[PDB]
Amino acid sequence: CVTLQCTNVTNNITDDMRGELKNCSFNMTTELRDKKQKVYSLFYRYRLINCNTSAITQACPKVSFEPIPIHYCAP
Amino acid sequence: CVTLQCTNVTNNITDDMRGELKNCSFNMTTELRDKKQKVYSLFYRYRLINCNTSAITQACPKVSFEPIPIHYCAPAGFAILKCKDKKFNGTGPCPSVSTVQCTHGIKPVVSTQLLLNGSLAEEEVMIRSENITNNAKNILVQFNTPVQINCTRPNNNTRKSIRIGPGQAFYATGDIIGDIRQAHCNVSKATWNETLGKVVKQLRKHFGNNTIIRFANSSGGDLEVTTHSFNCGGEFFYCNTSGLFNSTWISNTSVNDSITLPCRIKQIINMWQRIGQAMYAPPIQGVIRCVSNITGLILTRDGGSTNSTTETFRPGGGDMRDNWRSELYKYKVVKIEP
Amino acid sequence: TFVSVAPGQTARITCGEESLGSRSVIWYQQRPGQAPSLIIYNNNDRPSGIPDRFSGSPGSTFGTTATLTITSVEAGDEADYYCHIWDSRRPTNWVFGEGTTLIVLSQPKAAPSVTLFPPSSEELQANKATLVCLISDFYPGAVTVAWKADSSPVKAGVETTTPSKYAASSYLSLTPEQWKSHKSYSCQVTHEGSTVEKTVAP
Amino acid sequence: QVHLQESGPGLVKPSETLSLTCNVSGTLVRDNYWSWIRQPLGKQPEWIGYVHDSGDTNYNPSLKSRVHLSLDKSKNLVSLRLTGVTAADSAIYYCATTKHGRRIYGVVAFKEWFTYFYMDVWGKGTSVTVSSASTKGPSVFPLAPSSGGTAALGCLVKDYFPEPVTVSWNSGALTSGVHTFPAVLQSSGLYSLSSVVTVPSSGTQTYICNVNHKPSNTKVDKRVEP
Ligand SMILES: *[C@@H]1O[C@H](CO)[C@@H](O[C@@H]2O[C@H](CO)[C@@H](O[C@@H]3O[C@H](CO[C@H]4O[C@H](CO)[C@@H](O)[C@H](O[C@H]5O[C@H](CO)[C@@H](O)[C@H](O)[C@@H]5O[C@H]5O[C@H](CO)[C@@H](O)[C@H](O)[C@@H]5O)[C@@H]4O)[C@@H](O)[C@H](O[C@H]4O[C@H](CO)[C@@H](O)[C@H](O)[C@@H]4O[C@H]4O[C@H](CO)[C@@H](O)[C@H](O)[C@@H]4O[C@H]4O[C@H](CO)[C@@H](O)[C@H](O)[C@@H]4O)[C@@H]3O)[C@H](O)[C@H]2NC(C)=O)[C@H](O)[C@H]1NC(C)=O
Ligand SMILES: *[C@@H]1O[C@H](CO)[C@@H](O[C@@H]2O[C@H](CO)[C@@H](O[C@@H]3O[C@H](CO[C@H]4O[C@H](CO[C@H]5O[C@H](CO)[C@@H](O)[C@H](O)[C@@H]5O)[C@@H](O)[C@H](O[C@H]5O[C@H](CO)[C@@H](O)[C@H](O)[C@@H]5O)[C@@H]4O)[C@@H](O)[C@H](O[C@H]4O[C@H](CO)[C@@H](O)[C@H](O)[C@@H]4O)[C@@H]3O)[C@H](O)[C@H]2NC(C)=O)[C@H](O)[C@H]1NC(C)=O
Ligand SMILES: *[C@@H]1O[C@H](CO)[C@@H](O[C@@H]2O[C@H](CO)[C@@H](O[C@@H]3O[C@H](CO[C@H]4O[C@H](CO[C@H]5O[C@H](CO)[C@@H](O)[C@H](O)[C@@H]5O)[C@@H](O)[C@H](O[C@H]5O[C@H](CO)[C@@H](O)[C@H](O)[C@@H]5O)[C@@H]4O)[C@@H](O)[C@H](O[C@H]4O[C@H](CO)[C@@H](O)[C@H](O)[C@@H]4O)[C@@H]3O)[C@H](O)[C@H]2NC(C)=O)[C@H](O)[C@H]1NC(C)=O
Ligand SMILES: *[C@@H]1O[C@H](CO)[C@@H](O[C@@H]2O[C@H](CO)[C@@H](O[C@@H]3O[C@H](CO[C@H]4O[C@H](CO[C@H]5O[C@H](CO)[C@@H](O)[C@H](O)[C@@H]5O)[C@@H](O)[C@H](O[C@H]5O[C@H](CO)[C@@H](O)[C@H](O)[C@@H]5O)[C@@H]4O)[C@@H](O)[C@H](O[C@H]4O[C@H](CO)[C@@H](O)[C@H](O)[C@@H]4O)[C@@H]3O)[C@H](O)[C@H]2NC(C)=O)[C@H](O)[C@H]1NC(C)=O
Ligand SMILES: *[C@@H]1O[C@H](CO)[C@@H](O[C@@H]2O[C@H](CO)[C@@H](O[C@@H]3O[C@H](CO[C@H]4O[C@H](CO[C@H]5O[C@H](CO)[C@@H](O)[C@H](O)[C@@H]5O)[C@@H](O)[C@H](O[C@H]5O[C@H](CO)[C@@H](O)[C@H](O)[C@@H]5O)[C@@H]4O)[C@@H](O)[C@H](O[C@H]4O[C@H](CO)[C@@H](O)[C@H](O)[C@@H]4O)[C@@H]3O)[C@H](O)[C@H]2NC(C)=O)[C@H](O)[C@H]1NC(C)=O
Ligand SMILES: *[C@@H]1O[C@H](CO)[C@@H](O[C@@H]2O[C@H](CO)[C@@H](O[C@@H]3O[C@H](CO[C@H]4O[C@H](CO[C@H]5O[C@H](CO)[C@@H](O)[C@H](O)[C@@H]5O)[C@@H](O)[C@H](O[C@H]5O[C@H](CO)[C@@H](O)[C@H](O)[C@@H]5O)[C@@H]4O)[C@@H](O)[C@H](O[C@H]4O[C@H](CO)[C@@H](O)[C@H](O)[C@@H]4O)[C@@H]3O)[C@H](O)[C@H]2NC(C)=O)[C@H](O)[C@H]1NC(C)=O
Ligand SMILES: *[C@@H]1O[C@H](CO)[C@@H](O)[C@H](O)[C@H]1NC(C)=O
Ligand SMILES: *[C@@H]1O[C@H](CO)[C@@H](O)[C@H](O)[C@H]1NC(C)=O
Ligand SMILES: *[C@@H]1O[C@H](CO)[C@@H](O)[C@H](O)[C@H]1NC(C)=O
Ligand SMILES: *[C@@H]1O[C@H](CO)[C@@H](O)[C@H](O)[C@H]1NC(C)=O
Ligand SMILES: *[C@@H]1O[C@H](CO)[C@@H](O)[C@H](O)[C@H]1NC(C)=O
Ligand SMILES: *[C@@H]1O[C@H](CO)[C@@H](O)[C@H](O)[C@H]1NC(C)=O
Ligand SMILES: *[C@@H]1O[C@H](CO)[C@@H](O)[C@H](O)[C@H]1NC(C)=O
Ligand SMILES: *[C@@H]1O[C@H](CO)[C@@H](O)[C@H](O)[C@H]1NC(C)=O
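Chains as they are written, first to last, in the authors' numbering: chain A, 126 to 140, 149 to 178, 191 to 220; chain I, 126 to 140, 149 to 178, 191 to 309, 311 to 401, 411 to 493; chain K, 8 to 9, 11 to 67, 67A to 67C, 68 to 95, 95A to 95C, 96 to 167, 173 to 209; chain L, 1 to 82, 82A to 82C, 83 to 100, 100A to 100R, 101 to 126, 131 to 185, 188 to 211.
Bear in mind the hints are in silico, worked out from the structure with no lab data behind them. For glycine and all other residues, C-beta sits at the position ideal for the given N, C-alpha and C. Some clues are possibly wrong.
[Said to hold, decoys possible] Ranges of calculated distance between the beta carbons of each label pair, as one might list FRET restraints: (1) K:202 - A:127: 58 to 64 Å; (2) I:213 - L:62: 56 to 62 Å; (3) I:475 - A:170: 51 to 57 Å; (4) A:165 - I:475: 45 to 51 Å.
Construct the complete structure from the given sequences, taking the supplied hints into account.
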């Protein structure tokens, strides 16, 4: 999270919607030392903007998030 | 810590002072990718120089550093015997043994040469050594009375913690002025007169029968070894210690002004082994005086001769475990069985 | 710089850089046409003959400027004032601080007479040209003079006296062709809120 | 009373050496610090240095290689020499008696102890102009009357050196209505001035200005006519 090169899918407009979701372009360290490749990025909420003073990104290969019944017992 | 672009506040000069403290300019990763901003930096000890192969920087939003009483207790089925004998030879004959569950509460004072805060002797001044013949062994000299030591470091620094980036947390010290002399201290002497006289008294009533006793300064080494390295709240003070050890005590008989000691504040200390250096980065405010009670002496003897008709004693120390033996002297954890 | 005050009121004069170390500031008073004369030493100490109306700001709070205060000001206090700063973190200052002129506004309202002469035929015959602007019978002794060529400000060739006991002069040096070129030249005298102008033409 | 009187040549050519003397009465020179100070026209004072018979003596660093200060105990005077002068050295120069004070704190503040000097007695000053002019005579032109029933009338005295010039009207038989302005020192380093009279517009009396410039032995009488 540094700076985002974002644009909008609006080519004609009413209500001044802008967008909460944006499809953006980026510069990304891939492999080796100081190479980049053009990469898609989405931000939920034009250039820059980034994040404010912290960003943990969960993602992960195998996960999900649905509450699971947890019982509390006395010893 | 990479390279520092430092300058000096000296526009005319005597004594070739240079400086221990420098206010410097830097190039700093703030936010995003590869942006910088001009930033103040202070180094306690011109370009470059950095740190040597490790730097942990403590800082933190909410912390401080003042020793807090910590009690040591024996568990279940265990006791702690305690010699309440006022005159203990350290290896030896003790008539009164008691058993406490928990200690009165020991304060973790990290210092060398003198004990600051700490505990006093109930009756007279007591000298203690693991081997009175072996000069390599330390001599914990415990006092029945405190010698004063007032330390005023009126150096000023204004706290600015710039939170520019997520991973980054940077400080900025070195604002304002006031032209404080280094960092300063005093030891108060009347106590030091009677105490040192009485110490040479104890020495001459123990191992020193008939000898003129002289006290030279530290023999040399790391800044922690040459100076009375102690802390006034997380900064590491180093004091020229000649003022404490510069008196020749005549064996014949005994022989308002206060002693003022030159000190320096350091941010970069070496804890542990060399796993890393520790920095208290933003000394907050300025004009901070710490009044202390000199509760002690840790000594090492200078091996002399008998033709000199004198005995020389030097400040030693370094392993704080000696300070705890100087505190944990009346506690030995023991267990009970039928 | 300049500081003006009414008689009986209090004047304050600032001099030198903001303090860095401990200070000893010396203040001197210099009357017009006279050698400098002193006022204060050691920030607030006075020599023989100096009344307690004069006081200096302590060599104290860091990052502040030295100030001289004069209470119950009288016309005799009108003078240039200079400081000499001693600051423990700065080199010896070999130049005094920049001076401040104290104006005591004791009297109103006389308005200047202005007269404006074109270059003489004889000067023109000498291939030179000078416009002469004479200003007199005014009080107080503060005026500024500006010149115009047509409507344009003159950037060069103007020489103007400091007025004295008031009267002042301003001279615009021109070439004969500069003189003949423009429709007119003007002398503008600025005095006590008002500006009086006179014009001259070939 | 302690009394100092400076003297000097008044005029020095560029590259020459300026030599000034300060005559002292009411005290002996050995018993005081003495400081030379200089102050250019329209500027703040610029000091020069201080000297003491003890050798406790110091010079303004910017002038260091060009300046010498001395005390003469036998004649009870203080001297200054300044070599290789230029126009930048033009100023009023003052001799003074320099007192010393100390700011003293607790030993905890020893690094901040310092001495300061103040100049408590000044001479009247001596004017030093470093310029290059042997002499120059003025040019005098009439300022013709042209226009209350009254008109003004004058004489322009242009480009002379040095000061002063005297101007009278009708040999002295006209001193009223007369205003002789102070001279302007031009960027050329020459002076100019003007004198005016206010007269009734009606062809009686004759008006002549008499200009004298003593340094150049110049005297000019100029008739001023409509
Ligand atoms: C470590 O060991 C060493 C020795 O080995 C010790 O070193 C000492 O360090 C301390 C700390 O700085 C020193 O204290 C400073 O002393 C300065 C010099 O003082 C001498 O000279 C003064 C005359 O100015 C004299 O008065 C002093 O004696 C007085 O005190 C003794 C007792 O100690 C007493 O017996 C005398 O009778 C004197 O008492 C008189 O004067 C007192 C005020 O000074 C009055 O309170 C009292 O009623 C009586 O009249 C001594 O001989 C001194 O200048 C410094 O004072 C400054 O700064 C202080 C802050 O650091 C501040 O608290 C003071 O108010 C004062 O500030 C004012 O004055 C200064 C200039 O004087 C100005 O710049 C300030 O702006 C301010 O101005 C006010 O007052 C002005 C004058 O009244 C006035 O014009 C103005 O309008 C304002 O109102 C310090 O106090 C001490 O000198 C050192 N000792 C030695 C042996 O050298 C050190 O103690 C020790 N460390 C520790 C932790 O113990
Ligand atoms: C992309 O670009 C396209 C063009 O390529 C553009 O298309 C616009 O789409 C919007 C949304 O559909 C249209 O907005 C509506 O316009 C309605 C018609 O407005 C016109 O007529 C008004 C009067 O009509 C009334 O009376 C007539 C009889 O005369 C009757 O038949 C009608 O049915 C109706 O009753 C007239 O007032 C209006 O002009 C006004 O505004 C212009 C400035 O724009 C101003 O200059 C005039 O002075 C006047 O103020 C215009 O001529 C309109 O009725 C309708 O408004 C109602 O609904 C909205 C909510 O949707 C309410 O807010 C409002 O109060 C009313 O209830 C609405 O505004 C617009 O007409 C299209 N533009 C064109 C050129 O066709 C889009 O904007 C762009 N965006 C996208 C993604 O499509
Ligand atoms: C530690 O040591 C370092 C040196 O090693 C030293 O670093 C200083 O850091 C401070 C703070 O960052 C700097 O102070 C700032 O200086 C800014 C620049 O000032 C310079 O230029 C001024 C004009 O600049 C404008 O135009 C120029 C082009 O001409 C352009 O480059 C600029 O960007 C800007 O647009 C100029 O006026 C100024 O000189 C002034 O002061 C000197 C005396 O110091 C005097 O001689 C001049 O006559 C004149 O008065 C200088 O040359 C400046 O813009 C900035 O001021 C703004 O912010 C402050 C608040 O921070 C406001 O108070 C002020 O009103 C303005 O809004 C600020 O002053 C300083 O420049 C650094 N010094 C060096 C050498 O780099 C620290 O001082 C040391 N720290 C300690 C504790 O001693
Ligand atoms: C080293 O640096 C440190 C900083 O790291 C610096 O710390 C200073 O410590 C001193 C002493 O404690 C402080 O001095 C005091 O400041 C008080 C606060 O002043 C500020 O606010 C003033 C008004 O505050 C009132 O109202 C506000 C709300 O508006 C409210 O919060 C307050 O509580 C209070 O009710 C304001 O006037 C003042 O600004 C003045 O000065 C600045 C220049 O410094 C100028 O620019 C302004 O125009 C204005 O003139 C400031 O913003 C203050 O109240 C207090 O003053 C009283 O006590 C003193 C005696 O101690 C009397 O002389 C005075 O008459 C008052 O009774 C006092 O001045 C200072 O604030 C700290 N600085 C910082 C940055 O926190 C040390 O000075 C440095 N140390 C060394 C050794 O150099
Ligand atoms: C070894 O022995 C020595 C004594 O020989 C002893 O030294 C102590 O050192 C520690 C650490 O440096 C000191 O702790 C700090 O004390 C600060 C000062 O506290 C005093 O003053 C308080 C108010 O002061 C403000 O106003 C006064 C003017 O009135 C002004 O001078 C100050 O500068 C300041 O502006 C006062 O409240 C306080 O008394 C409180 O506590 C006592 C009990 O101890 C109680 O009886 C009172 O009712 C009151 O509650 C005291 O008089 C203090 O400001 C500072 O606190 C700040 O920092 C800490 C973190 O360090 C924060 O937790 C806290 O919230 C504040 O931000 C801090 O507590 C201590 O003062 C020294 N003591 C002496 C006597 O010098 C050591 O303790 C011994 N060491 C060991 C091993 O324990
Ligand atoms: C910033 O720049 C400033 C200048 O702008 C500069 O200022 C110097 O400040 C220091 C500290 O105050 C001064 O150092 C002292 O100088 C004393 C005077 O020395 C002069 O006179 C010496 C003889 O005087 C004795 O006898 C006379 C009678 O003739 C008697 O009246 C005096 O009181 C005194 O008893 C003379 O020997 C000396 O010249 C020596 O050195 C020069 C080279 O520098 C050499 O060329 C000569 O041949 C000769 O060797 C000089 O002319 C002096 O007494 C004093 O020394 C004593 O104290 C020091 C400790 O401070 C001891 O180490 C020493 O043994 C003595 O006990 C001391 O040296 C210096 O004079 C200032 N410079 C000037 C030009 O005024 C600072 O250096 C810069 N730094 C700062 C921050 O200020
Ligand atoms: C990536 O490319 C964009 C332009 O497409 C540029 O603005 C940005 O600075 C580049 N980032 C890097 C890593 O240089
Ligand atoms: C930062 O700037 C300085 C010059 O002020 C330069 O010497 C140094 O190399 C720069 N550092 C970086 C990160 O490029
Ligand atoms: C302490 O013990 C040693 C022998 O272990 C002895 O030399 C010394 O005299 C003893 N001290 C006293 C007080 O008896
Ligand atoms: C103490 O050290 C000395 C040599 O310095 C030695 O002779 C003596 O045996 C030692 N005592 C013990 C208990 O090791
Ligand atoms: C510091 O203060 C204590 C009392 O709080 C006093 O006993 C001691 O003498 C002081 N130190 C000095 C060197 O004056
Ligand atoms: C302080 O101690 C050092 C050695 O640790 C010594 O060289 C120096 O002379 C001493 N300083 C003073 C003030 O005596
Ligand atoms: C200690 O004091 C003696 C005088 O008793 C002095 O000669 C010596 O220089 C001092 N040593 C130190 C290191 O302060
Ligand atoms: C130091 O000792 C004295 C009494 O011996 C006492 O007044 C002072 O409070 C003591 N300091 C501490 C840390 O208790």
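Comparing the hints with the structure gives:
no.	hint	verdict
1	K:202 - A:127: 58 to 64 Å	60 Å, holds
2	I:213 - L:62: 56 to 62 Å	59 Å, holds
3	I:475 - A:170: 51 to 57 Å	55 Å, holds
4	A:165 - I:475: 45 to 51 Å	48 Å, holds
Of the numbered hints given earlier, the model fails none.
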